[PDB]
Structure formats: structure tokens, C-alpha cells
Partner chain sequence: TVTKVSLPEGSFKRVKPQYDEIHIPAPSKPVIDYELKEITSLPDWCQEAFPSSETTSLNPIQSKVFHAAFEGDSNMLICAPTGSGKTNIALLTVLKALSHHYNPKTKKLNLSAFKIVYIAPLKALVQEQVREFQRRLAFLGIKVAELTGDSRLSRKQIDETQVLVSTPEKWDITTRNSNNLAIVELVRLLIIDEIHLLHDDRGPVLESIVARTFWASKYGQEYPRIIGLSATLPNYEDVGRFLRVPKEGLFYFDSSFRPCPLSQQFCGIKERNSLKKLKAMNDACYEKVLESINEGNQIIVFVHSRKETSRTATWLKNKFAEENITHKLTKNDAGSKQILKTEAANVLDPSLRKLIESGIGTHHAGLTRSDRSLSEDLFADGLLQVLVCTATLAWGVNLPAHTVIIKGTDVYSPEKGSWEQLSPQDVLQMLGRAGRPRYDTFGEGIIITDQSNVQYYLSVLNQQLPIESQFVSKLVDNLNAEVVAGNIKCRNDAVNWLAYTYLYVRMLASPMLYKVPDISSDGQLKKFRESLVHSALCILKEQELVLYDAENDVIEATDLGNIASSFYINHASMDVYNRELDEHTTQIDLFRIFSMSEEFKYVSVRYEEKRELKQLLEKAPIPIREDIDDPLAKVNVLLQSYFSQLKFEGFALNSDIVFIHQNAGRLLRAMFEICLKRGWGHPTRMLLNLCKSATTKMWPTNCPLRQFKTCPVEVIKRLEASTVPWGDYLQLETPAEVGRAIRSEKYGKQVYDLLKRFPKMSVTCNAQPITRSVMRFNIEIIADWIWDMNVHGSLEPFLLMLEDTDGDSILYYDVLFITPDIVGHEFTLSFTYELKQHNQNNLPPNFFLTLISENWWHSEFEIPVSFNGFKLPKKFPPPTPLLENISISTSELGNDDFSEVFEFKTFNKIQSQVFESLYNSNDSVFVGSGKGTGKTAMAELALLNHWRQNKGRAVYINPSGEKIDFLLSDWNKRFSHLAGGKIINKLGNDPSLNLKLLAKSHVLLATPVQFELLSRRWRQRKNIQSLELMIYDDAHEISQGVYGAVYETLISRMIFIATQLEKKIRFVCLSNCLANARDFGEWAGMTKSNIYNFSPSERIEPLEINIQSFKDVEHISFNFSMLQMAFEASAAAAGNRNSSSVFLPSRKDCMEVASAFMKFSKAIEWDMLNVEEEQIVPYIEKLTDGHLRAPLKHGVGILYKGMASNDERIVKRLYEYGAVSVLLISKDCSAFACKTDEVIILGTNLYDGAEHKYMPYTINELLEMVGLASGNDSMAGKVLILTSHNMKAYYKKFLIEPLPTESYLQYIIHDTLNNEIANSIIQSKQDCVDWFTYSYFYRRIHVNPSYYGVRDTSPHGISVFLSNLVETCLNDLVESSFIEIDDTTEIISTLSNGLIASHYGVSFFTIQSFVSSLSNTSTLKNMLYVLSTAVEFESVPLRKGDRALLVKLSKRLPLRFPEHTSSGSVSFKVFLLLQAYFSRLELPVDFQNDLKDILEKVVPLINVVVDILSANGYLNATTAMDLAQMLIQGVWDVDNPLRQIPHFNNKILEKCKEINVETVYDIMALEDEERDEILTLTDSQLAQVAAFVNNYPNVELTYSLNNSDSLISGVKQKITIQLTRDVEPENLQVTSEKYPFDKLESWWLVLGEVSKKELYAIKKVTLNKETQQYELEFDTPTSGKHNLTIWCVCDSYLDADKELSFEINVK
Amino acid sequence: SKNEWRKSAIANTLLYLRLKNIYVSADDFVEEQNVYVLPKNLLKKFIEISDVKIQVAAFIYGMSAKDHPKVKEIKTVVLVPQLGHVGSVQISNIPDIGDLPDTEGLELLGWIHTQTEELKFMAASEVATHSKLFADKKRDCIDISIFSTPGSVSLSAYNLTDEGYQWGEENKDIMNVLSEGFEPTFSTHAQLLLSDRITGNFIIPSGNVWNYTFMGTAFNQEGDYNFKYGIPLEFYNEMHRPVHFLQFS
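If we look at the form solved without its partner chain, what structure does this chain have alone?
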């Protein structure tokens, strides 16, 4: 619907106001665990480009800080082609950004995403998505979950347990008419800090578009996509609107 598209784009124009009230998860320090540090500028943009209803996700990359090897500063957010849902998101593969400058020395740290339900653990869909991405690759990757609701955003970071990965691998394609054997205790608290004392940037798809929610037939979940440094488009940018052509070859 043209009218619904117009209304939904307007609804997102107020998302910047949620950055006026930011809540970050905190717990007793554990010296054996890493501390993950998110630049405020990345959070601001990430929220600005998100949706009030449909989940939006991206990969986080970074490296150790100067003061301490166990402080991981997030340098770059990689927005990859995805197809979002209420309560879940289909994310394309861990991206190849090796051909880009200043990517040497960057570690894959995990993923970041928005959600519209307040929880104290990774949801069933979160667990499945996380396992699909990281189970055979890098199990120490974190999940930064952002509860986005009128007036505010709340940030919590999680690790997935081996039990969590085990169960996630048994649920390969998502449809939450499911969740048999799901346990809220599959995830543990990871240590997160928000900081305006550091700044970060974005890597985006070579063709700019990342939101395939309304272009499902063109989405290639197992696609080999190309990437570049850039400014990410907002969810209801007109470039994300489906268009049709009649072909004569």
C-alpha cells in the first residue's frame, strides 16, 4: 500500500528523540570478561536508520584499546543486506571487507540489532540467528540487543552458551510457531559501555540498499555481496521501495 508506506516512513522521523533517554545494562565487574565499548555516534545513526516495528541488524567490528587489551572498542558497523520481520531478521553472511582500506587489524566482535519486546535474555529467534552466524566461525561473538520503544532505547549485551549454540543449530530456518526446548538461560550477560569519547564509521553494500523487507524476490541470503565505506540509508528510503520492470531482450 502506498498510503501505509507513507505513514510508516513518517513514524520513523521521530526515532532521533529516543536518543534523549539511553539506558545501558550494568552488572558487577568480572575481570576475566572483555568490556565492549560502543561509540555514541554509531548508536545515534543506527537508531536513526531503524524502524519502529521491524527489526534491523548489523555486524560489529573492532579491536583492543590502548589502556587495556580486554577493552574492545567497536570501530565499524557493517550494515548487510537483510530481510526484517516483527520479532526476527534474516541476515546475509558474515561480510568480506578485506579489500577495503583500514580493515586490517579489525576483529569480528558480533552483531547489533533492535527489538520491540523487553527481555532479560536472547529470544528464541535471536539464539537461532546468532548460532547460524557464529557457531562454526567464532563462538565468543556477542549480541548487542536494543529495546526500542516510544521515548527511549535500552542496550544489553549477551554471550550464547554451548547449550545455546547446540539448540540453535537444531533450528535452522526461523518461524517462531516453535520454540520447543528454548531456554532463557541459554544466554549470559556480557559487559557493555556507551562512550562519546570514541567515534566509529559504517560499511554499507556496494549498491547502497540494505533493506530487502519489501524486495524479497531480489534478496539473496547466501549472496556474495560487495561492500564500501559510506552513509547508510534509512529503512523507508525510496531506494528500498519495490519497483517492477517489463523486459525485452
Second form
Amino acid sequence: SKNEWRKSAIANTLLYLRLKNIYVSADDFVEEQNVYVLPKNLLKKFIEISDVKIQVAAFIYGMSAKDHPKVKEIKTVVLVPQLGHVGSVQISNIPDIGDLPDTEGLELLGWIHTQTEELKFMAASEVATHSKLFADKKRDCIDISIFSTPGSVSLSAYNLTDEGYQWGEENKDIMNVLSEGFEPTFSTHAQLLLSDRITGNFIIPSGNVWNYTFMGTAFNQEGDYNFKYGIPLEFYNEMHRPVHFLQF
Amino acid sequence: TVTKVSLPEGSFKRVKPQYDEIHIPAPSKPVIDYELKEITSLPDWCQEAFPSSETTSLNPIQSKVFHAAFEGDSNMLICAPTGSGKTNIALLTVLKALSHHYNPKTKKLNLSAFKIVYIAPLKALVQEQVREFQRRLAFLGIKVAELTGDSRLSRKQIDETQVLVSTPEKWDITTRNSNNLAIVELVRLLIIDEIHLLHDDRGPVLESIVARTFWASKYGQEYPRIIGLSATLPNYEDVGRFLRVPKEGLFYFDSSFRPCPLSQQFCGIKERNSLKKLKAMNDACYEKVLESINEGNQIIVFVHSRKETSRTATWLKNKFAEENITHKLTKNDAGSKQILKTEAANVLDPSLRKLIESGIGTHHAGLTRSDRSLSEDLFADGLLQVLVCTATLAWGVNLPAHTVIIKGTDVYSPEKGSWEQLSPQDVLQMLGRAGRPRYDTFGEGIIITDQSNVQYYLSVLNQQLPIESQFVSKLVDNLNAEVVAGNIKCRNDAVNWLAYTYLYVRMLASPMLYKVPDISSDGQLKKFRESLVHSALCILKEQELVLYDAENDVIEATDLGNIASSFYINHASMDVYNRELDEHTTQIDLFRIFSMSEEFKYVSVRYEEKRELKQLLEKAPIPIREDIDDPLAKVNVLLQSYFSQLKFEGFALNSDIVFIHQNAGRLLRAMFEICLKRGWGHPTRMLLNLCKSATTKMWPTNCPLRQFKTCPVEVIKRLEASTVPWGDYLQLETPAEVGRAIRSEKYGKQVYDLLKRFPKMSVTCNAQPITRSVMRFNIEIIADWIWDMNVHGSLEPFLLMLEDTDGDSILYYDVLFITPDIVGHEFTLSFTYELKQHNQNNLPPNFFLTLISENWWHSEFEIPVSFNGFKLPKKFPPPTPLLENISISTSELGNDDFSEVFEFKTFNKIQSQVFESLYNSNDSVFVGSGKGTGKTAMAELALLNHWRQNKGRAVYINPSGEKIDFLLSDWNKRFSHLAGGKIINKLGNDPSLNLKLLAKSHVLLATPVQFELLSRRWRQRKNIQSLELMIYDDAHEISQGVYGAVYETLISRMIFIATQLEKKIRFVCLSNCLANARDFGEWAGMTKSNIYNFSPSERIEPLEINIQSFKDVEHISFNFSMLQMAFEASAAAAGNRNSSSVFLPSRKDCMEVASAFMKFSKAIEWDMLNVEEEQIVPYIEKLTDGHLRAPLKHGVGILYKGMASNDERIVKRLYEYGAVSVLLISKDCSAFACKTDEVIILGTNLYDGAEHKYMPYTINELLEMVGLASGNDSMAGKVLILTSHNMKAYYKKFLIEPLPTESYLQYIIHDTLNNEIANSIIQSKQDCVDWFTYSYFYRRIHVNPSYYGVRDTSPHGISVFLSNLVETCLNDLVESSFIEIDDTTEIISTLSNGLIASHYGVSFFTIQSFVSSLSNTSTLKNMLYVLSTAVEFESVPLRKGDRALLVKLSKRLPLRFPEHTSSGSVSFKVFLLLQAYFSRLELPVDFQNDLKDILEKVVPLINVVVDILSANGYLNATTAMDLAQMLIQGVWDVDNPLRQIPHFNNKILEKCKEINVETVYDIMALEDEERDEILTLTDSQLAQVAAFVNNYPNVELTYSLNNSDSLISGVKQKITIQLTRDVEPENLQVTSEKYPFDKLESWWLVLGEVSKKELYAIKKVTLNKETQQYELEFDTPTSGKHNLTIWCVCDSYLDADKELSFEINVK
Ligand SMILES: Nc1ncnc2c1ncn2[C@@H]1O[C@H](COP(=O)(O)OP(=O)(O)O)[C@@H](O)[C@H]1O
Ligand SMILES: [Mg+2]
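Can you switch from the form solved without its partner chain and show the form solved in complex with its partner chain instead?
Let us now look at the entire complex, which starts with that chain.
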């Protein structure tokens, strides 16, 4: 049937319950390298607006404190026009947010996204997309991968090596079967800390819609889009589905 | 169980094969003991009300009822046959009700006093009566309106109307509204039609309505007349009891009295199965139709559905052709057919036409409006023989037929989810069509039904089915609503209420039916009542609609119960909404919860429709978790359909869906209301849409061009597919551009117009931290649409929320109602919100502030509210505790003479801790204590200990010139003698005079403004420099605005002057409890040990503070419901023998509240004065102001600004003794210390028609009122505050924890800086920043920079801020030519334009404004306008409805306001009242005050005007001076000279004209015998006339030009002027009857050339001597002859001025 989504849409209502089980990938703390702090409220919201099956992604912007130049607090999650799939997501370009208020000296720290396959390393659609977005622009951009599954969410932060990037540049496209040249060693654990003592916020497209699944013709993947602070829409929000209200 | 129906004589039964029919003959004529009342016997106005009834007289029933109806005022119940003529009966009672208001002699008809309500069961009929009543009562010019079918706030208006025609439910919701209590009072006639509905399951609505009119009226005391209109049915007896009809007014009409008597017939179909049963009725129907046709009679067939009409009509058509078809086609083929077949063609569209050709019509709704009107009119005209109807015909139309057949009586109840039998009232409505009263000899009614039912419908049509109460079924819901209306608190209120129900009247009378336990034990069912009430209350408590304690017996009202009542929601449904609605509730869930509503309990998915339903359930836009088995899925899918307007085939289901939308609205709203209360951002936001979606019958995801009814169907479709954002289309401001996006030209110009009519807002919002925990948000909004009345209605409302960053937590909300006068112009909102602890420690990045149209899709506008640079202030340090001992005693102060003064021998607990520091030391001290702690005695110490050390001089400073006046005299009698010290008051209004008082006076009392104005030239004034002590009282008011700033400017200067002169000046600051005295005390220079500052709870007399919030009251000052509680508190004071005073925001409100208090006191046992009425009349005799006499008499005092002191003291004394129990006091008179036991502040809002809004009281304004409560012995005083919910939080908080005292100095810095510059205290720029460091502002911007607007927030940031603050200011100052800067780092020097501002106290902004508005050509009327715009007058009030009066006043005054400016401004008030002053018009006490306060401000301003114009060399400066005089004397320049003389009335003036006395000198000259005849005046009046006339000046003016022979053009020539009086004057104190302030005589020497309109020179002088002379200096004009003129012009008297013309030649 067409209505695969109906079942998923009902599912996403209970997606808030997955946040009684929040797991963060941890290893030995190294003060020689960075630590990324993700405000807990942003996580809670970002899951609440995600799908159970289809990938959902955003950029993260943040900045260092004075106390420690290596503690990068994430301040803002910028949700942008995009077209999700199972196991991959097509994302529009790094947003221009320069002209918004309170954006004084934010760094683009990277991206954050859902997935339905728990791994210990960045996968091949991840590496393709990570290179697509950041290859020629900002190499240190991390990837925060969220493994979201019934019961729980599990966060995992990665850097990408230059071999990773190069390999990703080679792959303009990714197929289900080809799986050529891939390495789990392409990516490296990055230090992520979830904190509840700082609260971050969202920046959303000005049109308000971030989910161009049911509008896949109008999705401009190099679109010059506008943005504002604001509360992000849910994945199957009526506005992401003009078409279903036409049948009715 | 068998209850056989008695049939009238002549009844009989025929047995037919298909159905047993049974027949009831038309009844015989009654005994004729009446005359049909011809209309012409009606009084002559009425007669119109009955234009062209065919009869021209009332029918039998109407005629018999006419006496009691129209000549009686008794309550009435009329039971009558179907179709008896109810309208005219209702009409008679209407006309009577009108009669009680209009005067029989007067042509004029009062319209505001009476409200008439007509309750009627169905909208079809409600509308019908509205049309009929409008037509008929047109001539009397009264409005008849259907009481509004949908909305609530727009009901407050519809009291534009005099006749309200409602359904029971709409009038139940209206009247159950706490705010509508105002208007229920005017309801004098309550007509309930179809009163036998009582028996229906809707009938309890009628019970609740009546129970409320009788039982809940209370204090208001006058019940409206009630007229019930009924069907003749058993228990009418009990019904008339239920609505308190006495025998005079009860009527019951037998079937004999039905005009056009009715014959009945009951076909009892017997066939079991559906196919054959349906056939049975068709045949049965055909026969009866045939019979009626064979007798030349017409016939109406009622069927259950709209499709039935057309199929029944067709069966007939065909069955008639199957045999004949001649019979109904036409009366005659020749006569009818061309007239029919013309008309048959023209408007007929459907299959209806092939029926109409056959002479049979169909008639239902959802049929073309023209198409059904043809049917009615063709049938009316004989051309159709048979109209086949749905039931609406029966309520809507007036279309009779001889015969009426009900086919079938099966109806579908969507409510009950099931098929059912016709209700009795439907059958009786239907049968009221039978029989044309004018034409037909009789009428016929045929019911067709299953035999089972026949017995039942027999009883109904034959007066034997009893009317019985269903009040229990709806008992829980209806009880809650009275609990919510606050009329029930304890369950005795509940068992009384129940006594006014029909249930009760009916239980007493048939206790077995209602299952009473034992009436003989229970008596009048007191235990039964109590038991019902109990069980009801418990199920309510169980569901959280109430709070109940059985043991205690307290009933309490929940917020949730309050929604249930207001939105008319079933208690069970409120339960479901309670449990199910969540912080994480979702769209998909809402639809479910909606569908869970009790209202939809019975909805079932029937087998047949299930296949179609599944089709829709799988195309459903919002997922449905529930099965297609489940009922919830149906309700859900149905509601989703309504939003998509889906076409439905099944009738069953289409009825179902209709049932849903008519409830969907107010259920979804109740859901919204709960989520908003509970804070849940996301479901609240979503619910608001569903609400929109159910109004607009469309979904969110649709561009709202579809929402304009007035858009074409194609244009939207192209824009919806084109995916361009909705808002995107809105941005374009060009009419061509909008058309290019559409891709159509002509639609592009019309849609541009529509676009501009789409609502939009602009919002800005900054935030101000008040404390750490409390943030204030200041919002500025512009509404940007162009109003259209058809498209927007009277208003468009707007939800405003401030929500957390997640967008899940509503932190504040408020609803904004935009109206056509509001769009386009900016406004401001402010509110506080208390940050949660989390956010207090780490501020979040931002909050959000959002505005959403309640009505208009995609008109949401939200903005982030940053906290980027912010410092929350550090938490309050604890207040300095009190050592426990009251030890100090007046004996402790050394001197014996001093001890006599204080008249209390022991010092206060608080006074004791201070006493040491105040009396012993000469240390500067700061005291912070609550009002009523006797800080005045603290001032007096400092004074005693000043003089005990033989010191020089002291100044006492208070803002309240009212307090200064009291406290002068108190001090002056007590302290005058303590060494021979002279204590004087300073009146501000003449600085020179004040200067002189300083020199005379040992102690001065002054206001911050007054003294600050004196003190500015201290460098020159040695008497200020030599000042030894200064008491700053109520110093907490430096906070309080421009004048607060001036208080701080003042206090800073004394420090700067002490510091500069190494002069030791004692500063004693008396003040309220501050929150943080450290900064304040430090700024005043007080050692940390001398800064006593106490908690507000410290005040010694114990005092309890009860604060009560109230809904929807922000809108106004106080509402009926609050007033009631005020009165309960005042009664509670009266019962405890305690005295209570009540605080009100105006004088009007004092009068209006008194009037309610008299009415309320009459309707209680306690109406006592507590004293005899003959003794009070000697007192009231004084009657200074008649308005006070009437209330005072009943035990109630009034205190407003402007009373006669007679009034004042006469009222105070009567309270003082204990004659009058209750005092009512203007917010203004709160200053007057008038102590009591209990205080009620009734409302906490002030209207200013400057910002056209209500504003809440400041905590000061409260503290000045809370400080009136005191205790007797141990007894604790009580205070009652009556506020809006939003305000309660702020008031409660800061009445216990002081409001931080910040600085208003940024707002007057221009004047401040320009001033200290002018007096050479500042000559550099560093000086300006140094200067700041002596301010309180300075100390405050470091501790709370964010409050001031400092983004940087760091000591560098702040320091930068300040320097930019001076620079910005200095810029403005040079740019407006107040100062110049020049190299010596640099020297700053004042120009004249700013030196004149420094000299008169007049603002920087005002001078600026004058310089631009003034010209060499300025008229007097102009200078008056210019004047009225001075920024000084912004303090002058604009009360509710002053523009109204002001306009009317405008009409009587000489000068029209420059029309090119607004009518609302204070500039307007100022403009006129100064004319009302010049034209000596009597003004209301409120404009008297306004004028006084206006006059305080004017002498500075007019002198500024004269000094501007003159500086610019212009000679119209003199027509300013004319104005200066007019101001002092209360006259025009044009007026007769004598008029200025005090007390010279027209009669005295007219005698002066007979004698040919013309001028004031003629009056000095008058002979004694002429004096004694003209001056008819009191010894005192003459005193002034004396005073005036002696003082009046006569001055001789002479000059000498230094060398008048050697005049060279361009040199500085000097002239010497000399001024000679007759005798050196006593003093220059001005005498003026009209000016209320002191004024020194001053004079302008003017030199100028008249021909050229040009002033060459000027000097201001005072002629304090028998002779004087002065030298002027002026530039000689061009060579030639020049006619020069000198003028000597006084500023305080008319006609006293002298002038001298000469000529000169220049070489
Ligand atoms: N020690 C005392 N004993 C009795 N009454 C006092 C004493 N001190 C002051 N009062 C009186 O109590 C009232 C409160 O004084 P007031 O100056 O109005 O207080 P505040 O200045 O704090 O408003 C006044 O009537 C004052 O005359
Ligand atoms: Mg005081």
C-alpha cells in the first residue's frame, strides 16, 4: 500500500518514550583533543521530530568557552531542507545563517542524524554524505550519529580521516550492493558529552518545512534557503504532506 | 402498566386490512362568552403592531387572554391548542413591558432601560420570530435580533438590541456567564415558548434558566415578568407553580377554543417487515390524500428525510396517473395551467419541476432558496394541491393546509445513534399547520405510525401525556455551573436552589414517580435534596470539577469545572479531557480524545454504512489508530471529513456527521482551554488550529485565499499547487507584482486588495530583569491590515504566548483583540514572568513570543526573545533585624518642652532603634519602614535635635503637597515656640517668592520639584549653601518617574554641594522598606551602621492581606462579581463592628459603587446606618455637593479630590464617630491618613485615554492603601485586594519582598545636563561623567545594567555606555541650540535657548517643540495650541469618556482645535479647559481638578514663549504677554476690565455700566454711597475686592534717550526708562480670584517698531519701589525716520499697562 507512513506516523508519537533510555559512546578521556557538549533539550526535541525508519539530519553550530578552548558547546541545531531515506539522507548545503541575531562567532561543528543500524564506526552512506557536505569546506566537522530504536537512543561521535573524505569524494553516489573500497577505520571516536545544564535552540527554514519526502520534486539540493530561529515541525506534520489533504 | 387514553365523545375506530384507523371528530363551538377584540379598540400606537391581519381583531384565545396579558403585569402560563396564535399573544405582553418606560406625555421612548428575551426551542422558529417581530415592532423603532448563534465576547455588544430571540441553550450559556450579570438586570420580560419542552431531555435547560432567574438574583432584587406558552397537557398545574404564576395568570384552553377546530385520525400500520410496512404507509397515505382532494382541500405531508419528500411526492404523482391524474393537476385546465406552467418553468431546476407540473411540490432545506419559495407561494395560491415536507416547514414557515399528514413518525437521532419516534413537540408543531383559520371551517390532522405508537400519540394530541422533569439526568452538569457562578459554597445553597426547579415542584406532588424515600419524614424533601446534592458533588469531586469536603461542608470551584460550565461541556467529557490530555499529546491523539467525548457516547458503526466508511478510513489524512469496529473511529473519520467537506450518500450517516460539527466547535475549544491553562505549548497550538479548521470547514494546509468568501475558485488552486510559501505572496507591496505571481492580470489586482485585508503583526520585545527571579518583558506591536467590516467583523482576536525555548511550555499568555481603530497604530504591552530556578542559574539563549490569529489561517508571527548579554541582579541581602526592646520614652529626650510636643509618651518599637541615631548623633541616617510606622516622628526628632544645638536652618522634602499642607500646620502649632522658630511652606509656583521664604524661614517644607528649582543657582544663593539639615521623606519615590528623577537630581546636588564646600550637612532619609538599602544609603553618604531598613512584615500593628484574582477583568476597572465580594467584605466588617474603607480608581466609581451598596444593603437584614435617620439630616443639610447627600444618608461616605472641606470633614467626622459604617475613597485621596480596621481595594486598574488602555496600580499605590489598616489591642487589621489573575502573582510577591528601587534619571538627562552646564557646575565633558558619579543612576547601572539596556554588561561595557550616554545627550543639546562646544580639553557653554530652559524648569523637549511651532506670525489661538502641547502636561489625566465631554464642551468655546491634529491627546483637554477658565464656565469637579493641575504648569511655559519669541526679535511676543495676564486673572483680553475684579458678577457688572464706571480706577474712585449699593457682597469678598484694588497698579512711564540728536545707524544706542508708582507697594503678592497659586508681580519693558512688527529690546522687572529706572540697549536701525513705541506690560493684571510713542531720525 501507499500508506506505509501511516504506520510510521503513529509510531513516532511514542518516540518521546525512547528518551528514558539515552546511551552515549564513551572511551578514555583525552584532554589533548576536543570534547563536544550537546545540550540535552536539543537531543530530546530532535528525536521527538524524527522518524522511526527514515533518516533525519541537521547541522550543529556551537563555540568554545573561555575556561577550556577545547570544550565546544553546541548552541544551535540547524534543521534544513532535506530528503530522507532508510539508511541515508540527502541534505541541502550548509545554511547561510550569518544574518541572524546572536550568531556572533559560532563555528559550524558538523552534523547530527538518526539511524536504524547500530555501528561503532561511520558507515558508507554516512561517509559519502559527510564528505559531500564538508569535504571542501571544513574538514574537522564531526558527525554525531544517533542510533534510534524501540526502547532507546544511542549517541556516537566521529571524526573522518582524509582517506575517508577522499573515498567519499570518489563516491558521488551510493548503491545498495556496490560496497566498494570501504573501511571502518575511516572514522575515529570523538569525545561527546550530553549536558542538561546548558540549553540550546533551533534554527529552521523560513518556509518552516524541512522534510521534502512528499515534495521530492521541489527539493533543491543546492538551494539557497532562508532560515530563522523557531520550533521545528514533526516529520509527518501536516505541512510536510500537502498531498494527503488533496485526496480528502 | 396499561394507561388507556380517553377519547372525546364521538370518537370511533374503523378496521381496515392494512391498518386500524381511529377517528376523533372536530369539537363543537365553546360557550360564546367573549367578543373577538377588534384591533381598533387598542390604544393608537399599538394598532400599527397589528397591521393587516385578515380578521382585524384578535381570535378567541387572544381576546380572552388580552386583559391579563396587556393590562396585567402578573406572571402567566397559557396552555392552548396547536395553532392558536402565539405571536400576537407574545406581542401583547411585549407592548405592555415597553409601556413601563416611555412617558405617556413624551414622544420620546426610552431604549436603554428594558431588555426583552424570547426563548424558543429551535433556530428555525427563533429566526422566524425575529423577522416577524422586527416587521411589527419596526414602527416603535426597536431592534429585534437573534441572540448570537456562535460566539461569546461579541455577545457583550448585542445589548445594542431591545428584543433578544434565543434558543434555551444559547440563553443558558449567556446567562451562566459571570460577566453577563451586568445585563441580566435589565431583562424585564422573559417569554418562554413551547414551555412543555420541560418534559424533553432538553427541558432541564429551561429548569436551569428559571432556577437562575429567581434564586440567583439576590441583591439586585427585581424579577422579570414571565409568560410561559404551552401545549395543553397534564401537569400544567405544576408548571405554572414552577414559574410562579398566580391564578390571575393561568390559562388552559380546551380544543373547543382552537381557532379552526381540528379533527384527528390515527392510521395504525400493522405490517411487520420493512418492504411491506413501507408499502402499507404509501397506500394509507394515498387514500387520505385522495379523500382530501375530492373535497377541494389542500394537503401537507411530513416526512423524516429530504430524499423522502421527493420519492413520496413521486409515488403519489405516479399512483395518481396509474388511475386518473386529472384531480390535482389544476383547479381548471384553462385557469391554472398557463399560470402554473409559466411559473413551473422559470426557477425550477431539479426533478422538483416534473412534480410541480403535476401540481405537487416538495419542500426541504438544502433546496434552492428560490425553489422552496416557489413551492410555498404556489401552494399558498392553490396551484399545488400537495406540499411534501421535511419537518422544518413546521417551525420555519407560515404555510397552512386544511389537511396535514405525518407519514410515519420514525426519526433518526444522531445524539442517540439510533432511530426513534417523533417527539411530542414536533408532532404538535406539525399539527399546528393543519387548518387555515381565516378560510377553513375546520382542519384535519393525520398521524400514520406503527400500532404500538398510536396510543402514545393519542395521548399527546389529546391532552393526556404528562409533562415531567428530567432535571436529574443533567443535575451534575447544572449544579457545577452554579458552583462555578459562585452561588454555591456550602450544600445548603444547593438544596435551596433545587427548590426553584420543576423537578422539585413535581417531586412534592408525585413523590412515588420521582422515587422519594418518604415525603412525610422528609417534609418538603430536605433530606432528599441534600442527598442528591451530595452524590452529585462527590462525582464532581471525583472528576476534579470541584473541591468538596463532606465533613467540613465546603464546595469549591476548580478551573476545570470552570471550563465545563463556560463552554457547556458534559462533566464526563471533562474527565476524559483531564486524564487523556498530556504534555506529549499529539494531533493523532486529539482526534481520538475528541471522539471520546461523552457527547458522542451513542455513535455506533451500523452494518450497512461500514463498507463506505472503510473507504474513507483508509483515505483519512490523520492516522486513526482505532478499528472500523470501534465507534471512535467513526467520530474521528467523520470529523476529518467535515474538515475536507466530503460528500456523503447515506442519509443516516450525513445526519450523524452534522451532529458532529455542531458540537466539534465548543468541544475542541474546551480542549484548547485546558491545555492553555496547563501550559502545554504544542497541543495548545494544535488545538487552536483544529478550532480554526472547524470554523472554516478546511484544513491548515491550505492557503487562506480560500478563507475569503469573496475569491474565485480557480485562482487559489493554481497557488496551492505552485508550492510558493503562503507568506511569500503577502510580502509584495505592488499591485502589478501580485498579479504576475498569479499569472492573471485582472485577478491580480483584486487579490492585491484581498492580500492587504489579510491580518499581520509586527512585534518587538526586549526584557528587563526586575530581580534575579523576575523578568519584565516589554513588547511593542503594530497591526497591519486594512479593515473591511464584511471580512473581519467587529474584531479579530489574537492569542499572545511567551513560551520556552523548546516551544513546549507556555510561560505567559493573553488575548489581544484588534479592532478597526487599533490597526495601523503602534501599542505596547508589558508583563512579568518569574524564571524557574534552572533558568535562573543559566539563562537560556532565548524564549519565544508568538501571536496567532484565533480566526485567520497562517497569520502567526513569532520572534525570539534573547537573553544574550544579560546579568540577572544578585539576590536580595536580608533586611537589618530588630533588637527586641521598646524602651525609649519621650522622657528620654533631654528637654521637658520637647516632651510636651509628641503627645504620645512611649516610642514605637521601630522608632526606638532609630531614636538613638536620630536624636543623639548628627550622623546622616536612613530609615526604611512600612507606611504607618510613624516616620514623621523620626523627622521631628532630627528637627528637635537640630534646634537643641542652636543650629541654623532645615528643609523638609516631600512629594505630596497634600502631606506638606497637613504637616505644615501640625508642625506650626507644635514647634513654633521651641525657641521662636518660624516654619513656612513653599508653594512652588513662584520661585522668587520661594527664595524669599527661605530667607524668612527656619524650617522649610517643599516638594522635590520646588526645591530642586530653587537649589539650582546655589553657587549664587548663600542661603542654600549654609543649609545644615535636610529631611528627605518618602525618598523611595525617586523611583517614580520624571519627578522621581528630579527627587534624585535634588538629593545628588546637596551631596555634590556638601562635598564641594566641605560643608557638613545632615541628611536624614525617611522611606519605605527598600529591597536593598546598601546602594541607596551609600549614595546618600551614610555609614553602614546608620542605614536602618526593615522587612515589610515588621510593621507593628498586625495586618493580614487577602488577594483575590478574577477572570476577564484586565479589560475594565472592576466587574459586578468583584463588587459583590467587596460588599461581602464590608458586610463582614459591619458584623464584627469593625469599620471598612473601600478604594476605587475614580470618583464615578465611588458614586456608582455607593448606588450598588444602597441597593445591596436594602436587600439584606443589615441595611443599618447604626444611628437614627432624623439626627443625620441636620448634618447632611450642608449639601455642598448634592451627589454626596444621598449615599451618606444610608451609612456610606465618599472621598474624592476637590471636595469642599465642609464635605470632607462632615464625612470624616461621621466615620470618626461611627455613624457611617463604610467609607469609599478615590485612589487619589489614599494620601489622607484615614485609618480603619479593614481595607478593601476594589479593582487595581486605571484607564488612561492617552495610551487608550487600562494600567495596573504600581506597588506604591498599593502600599499607600495597605498602610491604612491598623489593629485594636491584639487585633490584626485585614486587607482585601481584588485583581486580575495575571496581576495577582506580582502583587503577592512584591507586597512581601520590596520592589527594587531603580533610577528614572535617563529619562530627564537632557534637562539635567543642560542645567548643571548653565549654572557652570559642568564646563567640560569629563565633568559630565564626574557629575554622574554623584547620582543614584550610577550606583544602579553597575548592579543591574541589563535593566537599563546595557548589552555589554561588563564594567568596561557600562563605562562605555555612560560616556556614549552623555555624548548622545550633548549631541542633541548642541543640535537643538542649547549649548555650544569650543576650544579653551574643551569648554561647554549654554546658549540662550537652553539657558531659558534651565531658568524656568521647562523641559528640553518642550522648548524644542515650541521653537518649531512658534513664528513671527503666531496668533493668540496658536500660542494656546503651542502651549497645550508642552510635555509638562502629560501627567494630566484623560478619564474614561472625557473625549466625549470635551467634544461637547468644544462646542461652547470660542476657539477650534487645529483640526489637522488628533482629538484624543491631552493637548486637547489642556486646550479647552484653559478656555473654560478664560470664559469662566462651570466645570464638573473632575475638570476642575484637571484645570488646577494644568494651571500649576503654565506660568513657566508662557514666560518661555515670551522669551523665545522676543529672543528671535519678533513683536508677537507681546500677544504672548496678553496671554500671560489672561492666565493669572481667568479672563480674555477682550473681556470687560472690571471682570477681573474678584466676585464681580454680571449683575454687579451691569450696575457698573448704569453708573458708567468702566475701569478698575473708576472703582477705586467710587463714592461710599455708590459703593454700598453696587458691591453687594460678603465681608470677606469685599476684603479681596479691597485687596485687589489697592494692589492694582497705576504706573507713570517716562524716558530719556541718552543723545537723541546724535543717532548713528548700527551702533548700540541706550535708552533709560523710569517707572513711577503712587506709593511703594505693601508687597507684590498678586490678587486673583481665579488663579489658585501665588504669583509675584512682574513687568516687561518692551522697545519696538510697530510698522515693522519688530521688537528691538526687552527687560523683565519688578517695580518694588515708588520710583525706579533701568537702562536698555539696542541696535539702531537704518538711517531715516522711525516711529518707535515703548511698552510697560504687567504679567498679572489686565488693562494696567502703559505705552509711549515717539519718533527718531537716524543719520
Ligand atoms: N510612638 C508612637 N505612639 C503612638 N502613635 C504614634 C507613635 N509614633 C507615630 N505615631 C502615630 O502613628 C501614625 C503613623 O505615623 P506616620 O508618620 O503616618 O507613619 P509613616 O510616616 O511611616 O507613614 C500617626 O498618627 C502618628 O501620629
Ligand atoms: Mg510618612
